[PDB]
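Starting off, we have a lone chain in the form deposited without the named molecule, written out as structure tokens.
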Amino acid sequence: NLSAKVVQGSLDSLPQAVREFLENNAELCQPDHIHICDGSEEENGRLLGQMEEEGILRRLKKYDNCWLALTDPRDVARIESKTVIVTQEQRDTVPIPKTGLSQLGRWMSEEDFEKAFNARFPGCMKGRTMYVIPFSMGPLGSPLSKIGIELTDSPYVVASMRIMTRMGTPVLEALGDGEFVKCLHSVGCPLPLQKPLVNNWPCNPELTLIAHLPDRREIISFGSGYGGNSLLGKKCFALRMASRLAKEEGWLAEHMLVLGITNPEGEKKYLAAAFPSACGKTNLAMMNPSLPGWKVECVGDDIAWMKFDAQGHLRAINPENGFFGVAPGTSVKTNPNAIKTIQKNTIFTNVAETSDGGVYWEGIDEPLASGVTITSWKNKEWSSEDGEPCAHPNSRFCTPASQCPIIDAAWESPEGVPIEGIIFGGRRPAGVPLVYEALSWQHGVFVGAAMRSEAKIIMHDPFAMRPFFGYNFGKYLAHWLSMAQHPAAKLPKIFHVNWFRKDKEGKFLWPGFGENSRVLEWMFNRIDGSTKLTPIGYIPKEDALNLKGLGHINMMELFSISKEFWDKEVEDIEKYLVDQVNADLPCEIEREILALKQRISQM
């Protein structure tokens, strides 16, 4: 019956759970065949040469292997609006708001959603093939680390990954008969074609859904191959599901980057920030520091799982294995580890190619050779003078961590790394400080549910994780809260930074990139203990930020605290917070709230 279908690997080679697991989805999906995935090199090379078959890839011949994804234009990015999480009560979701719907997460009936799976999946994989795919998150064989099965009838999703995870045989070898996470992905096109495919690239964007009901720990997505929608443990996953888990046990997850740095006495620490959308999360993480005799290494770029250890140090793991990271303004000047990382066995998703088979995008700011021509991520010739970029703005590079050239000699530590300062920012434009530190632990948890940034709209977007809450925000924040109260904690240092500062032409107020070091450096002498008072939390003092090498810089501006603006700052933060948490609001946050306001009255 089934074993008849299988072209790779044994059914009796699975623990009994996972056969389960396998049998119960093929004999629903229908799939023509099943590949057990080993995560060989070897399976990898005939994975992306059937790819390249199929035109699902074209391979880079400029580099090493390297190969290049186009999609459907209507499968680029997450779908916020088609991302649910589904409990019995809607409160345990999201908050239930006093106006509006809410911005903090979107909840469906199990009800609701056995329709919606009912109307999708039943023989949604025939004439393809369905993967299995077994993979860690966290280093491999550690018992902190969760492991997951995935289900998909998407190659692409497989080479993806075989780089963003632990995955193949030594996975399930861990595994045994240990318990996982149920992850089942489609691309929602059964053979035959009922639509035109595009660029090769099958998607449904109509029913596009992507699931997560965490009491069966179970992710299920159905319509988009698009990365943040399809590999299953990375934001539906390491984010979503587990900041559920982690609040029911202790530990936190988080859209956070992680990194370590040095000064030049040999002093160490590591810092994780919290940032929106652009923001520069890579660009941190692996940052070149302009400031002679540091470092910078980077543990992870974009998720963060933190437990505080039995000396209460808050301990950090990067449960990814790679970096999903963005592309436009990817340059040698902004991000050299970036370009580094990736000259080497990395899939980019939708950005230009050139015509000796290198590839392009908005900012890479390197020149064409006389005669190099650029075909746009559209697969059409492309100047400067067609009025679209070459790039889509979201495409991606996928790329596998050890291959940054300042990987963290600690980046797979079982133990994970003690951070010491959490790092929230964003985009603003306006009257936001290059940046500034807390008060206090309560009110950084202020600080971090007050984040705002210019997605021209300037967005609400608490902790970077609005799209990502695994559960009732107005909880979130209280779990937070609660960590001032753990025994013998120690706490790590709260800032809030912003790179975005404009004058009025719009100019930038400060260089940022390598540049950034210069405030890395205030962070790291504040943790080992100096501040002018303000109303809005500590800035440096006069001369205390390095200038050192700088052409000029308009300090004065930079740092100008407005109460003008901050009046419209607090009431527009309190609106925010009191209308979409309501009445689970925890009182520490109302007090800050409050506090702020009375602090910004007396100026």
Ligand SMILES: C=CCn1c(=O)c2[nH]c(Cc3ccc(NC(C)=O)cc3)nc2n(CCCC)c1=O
Contents of the next structure:
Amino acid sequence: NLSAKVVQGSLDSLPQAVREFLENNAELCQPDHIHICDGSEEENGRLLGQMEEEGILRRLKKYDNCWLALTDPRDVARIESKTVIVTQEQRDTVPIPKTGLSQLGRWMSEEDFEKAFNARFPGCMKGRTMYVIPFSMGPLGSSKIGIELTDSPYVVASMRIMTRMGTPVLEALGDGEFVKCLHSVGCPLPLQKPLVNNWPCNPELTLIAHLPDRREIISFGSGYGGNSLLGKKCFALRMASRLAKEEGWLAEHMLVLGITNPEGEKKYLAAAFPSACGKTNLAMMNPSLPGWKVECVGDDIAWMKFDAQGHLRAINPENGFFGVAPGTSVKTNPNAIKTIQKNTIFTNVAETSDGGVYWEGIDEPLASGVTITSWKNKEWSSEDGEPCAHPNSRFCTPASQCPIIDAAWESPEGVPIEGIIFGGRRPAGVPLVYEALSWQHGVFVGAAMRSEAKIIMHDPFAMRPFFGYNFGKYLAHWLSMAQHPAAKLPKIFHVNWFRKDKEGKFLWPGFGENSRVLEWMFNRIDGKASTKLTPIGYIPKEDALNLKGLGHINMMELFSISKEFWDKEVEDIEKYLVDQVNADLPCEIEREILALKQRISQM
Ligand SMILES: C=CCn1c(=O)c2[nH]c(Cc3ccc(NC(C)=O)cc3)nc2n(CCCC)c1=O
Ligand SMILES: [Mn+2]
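One more: the block was the form deposited without the named molecule; return the form solved in complex with the named molecule.
Up next: the whole complex, starting with the chain shown before.
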């Protein structure tokens, strides 16, 4: 029966639990074939070739083994609306707000989800191959393993880069447990609807669901990576944050980097930023300060767990970078540019006529007669009034290829976090850098995060779309870390690269010069008496920030804290947290809200 549909591998060499998961979902989805992924170069070559034949990928001949996927324009981003967590009780998933609808996640009842599942999954893979992806989140060797079933070869190839994938994962798994991951593009053959750019999706029925009690992730109708690469946001943030809450650790939307001063002293820092803040540019930043070194552990997700000496240790559970393409250049991110030179999948970027990539802000003058095809497969000029690349277009690239990849990026011990950075995009009022007054205040600073998307929105811990459970409880869990025995708590900082003058010009040059801010953090961690007290925390004392080699910087306006601005700010923060977190807001946070208005009242 089922064996006859297998086109690669053998049912018999799957652990019983993997086999049963496959059997149940094959019976349900009715795929024409089953391909058990081995994760070999040869398999990758084959799937890339097949995808080229079918129009899903084009070859980018300018480079060594680079490819380009163009999507249906309806399927270009994750949809928060259609992203749900399923629990017996709503409160376990999101706080019940005081007014309005929750902005802290989306809950669906078990009953509603069973209905939603039956209207989508039966027969969904008809005419397609079901791929079986064994993957490890974190280095191969305890780490969490999952099995993703998908009808998308694009997902297979992306998973190979973004996770450890294939036969060795099944070998490490044995009869262990795994997260069950089910994905379909939702377009059974014969196609009932038009195919755009050979890219199957079902936007109307798109649903990305998490069932934490069953250890199941179920995703329908979208091929876009945030929705389809189930190890990443779905597992390593949402489900894991839940597990972490239970087991006394932390799963966070954080880059991790290692920074070394000119005397050879090295610290690791984790940072959470909302979108459009240049996460990845900071993760592999090339520092301008002489003698300094920055190395990249990860640009997206961090798993953090206290060791026996109370140090918070971080592992990057990913195997790659799924980076925003537009804005990437030799100037803004020289390390990303070298990373993506080979073995990289690009999605929704433009293509030059010599088979190179192009996007807004690539800052690379075209040769004579070279022209650009846009991401909607049209000839493109700068007079079109339309970007050549989609704003959310991506590169998907092996982490091992980053020239400053950290030597301990795959250490199963993890790397000791000495500082946590929170930040946002704030055109007014928020200084370039400040330090939390205490752990409790640092939790509040994370909880208070807002960022410009032209709208300024709340995005606490940069986790707004990613909480796996009640944010009030997530806040209590963060607070609880100050009572871990002998905890060596990271110093907490808040940054803003994006403060502007009245004409909208950026006050801080940023990029490589951000090394000057990390320098201040670095020395503060080491106890340097370099702080000046303000109502919002510590800022750099006068002349403490290293400005050697820069043009003029308006330091006064950059570090300016206005009573009027901060009155408006704390009112907005209180309002947001009391309303949205309501009965689940920990009283330590209530105290921090009051303490801040009290400090502001005194100015
Ligand atoms: C480690 C670097 C992080 N970083 C920054 O530090 C940063 N700072 C800015 C604002 C800025 C933009 C352009 C200039 N250019 C010139 C010439 O002054 C200066 C500041 N944009 C920044 N960006 C781009 C974010 C959008 C994807 C950014 O990524
Ligand atoms: Mn992210």
